[PDB]
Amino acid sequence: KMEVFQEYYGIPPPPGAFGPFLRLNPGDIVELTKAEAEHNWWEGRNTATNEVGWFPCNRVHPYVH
């Protein structure tokens, strides 16, 4: 589970073949669905909105409550 620390609203959009971008607000908790070592973009579900999509991995970090 990752927590968003920097907002993300589709700018820049996911690289070519990656799917739809996922809108993220600082503090949103994301459940990861796809995250590979060779790629800078991950896929997951924003549990605040139930929406699924891609986002740059540099906008999140482990969620520790």
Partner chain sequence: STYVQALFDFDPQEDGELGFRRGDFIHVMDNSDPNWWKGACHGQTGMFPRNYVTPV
The other form holds:
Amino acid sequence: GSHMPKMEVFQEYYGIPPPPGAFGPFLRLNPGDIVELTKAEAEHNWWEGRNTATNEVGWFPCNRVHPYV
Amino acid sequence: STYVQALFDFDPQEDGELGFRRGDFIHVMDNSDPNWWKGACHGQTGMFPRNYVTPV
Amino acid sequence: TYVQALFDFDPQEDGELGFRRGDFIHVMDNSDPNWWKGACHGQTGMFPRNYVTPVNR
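The form solved in complex with the partner chain, contrasted with the form deposited without the partner chain above:
Starting with the chain above, the whole complex follows.
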């Protein structure tokens, strides 16, 4: 971890759609999981993070999460 | 003159990439790279993710 | 220090900073782990820390 934003997953993600061109491993997401972002840009649809609910790391669609408030 | 159909939407993230909507037909132009192929759709050419399409 | 908004933030409350996804915010106070003070669109105010990401990265 580091000084990065945390997100709460609101919609599941099990690798479909896959990260474009398999540029990186997908991060499984379950509603309620808190993801600490590792790579994110507002303009990009795919962000990288560490799902602290499962301790796994990977890429996922940003449309499945929102800020952890 | 091969065509593929988009399984999912794709928004270009980097310049040179080709976007599309699920269902769009794409003309394959260059399938040399394992993951990104050059194709044409909606009057533009660019690199698209092969794992987002299926052969027609 | 600049952070980029990853989501829109449209508060009702006074003292809170409004912004749109993609906007760059000049961080003024990041002492609290949850609410930061920043500047954007001619105004300053508080916003939830998890709405933004560091530009340096």
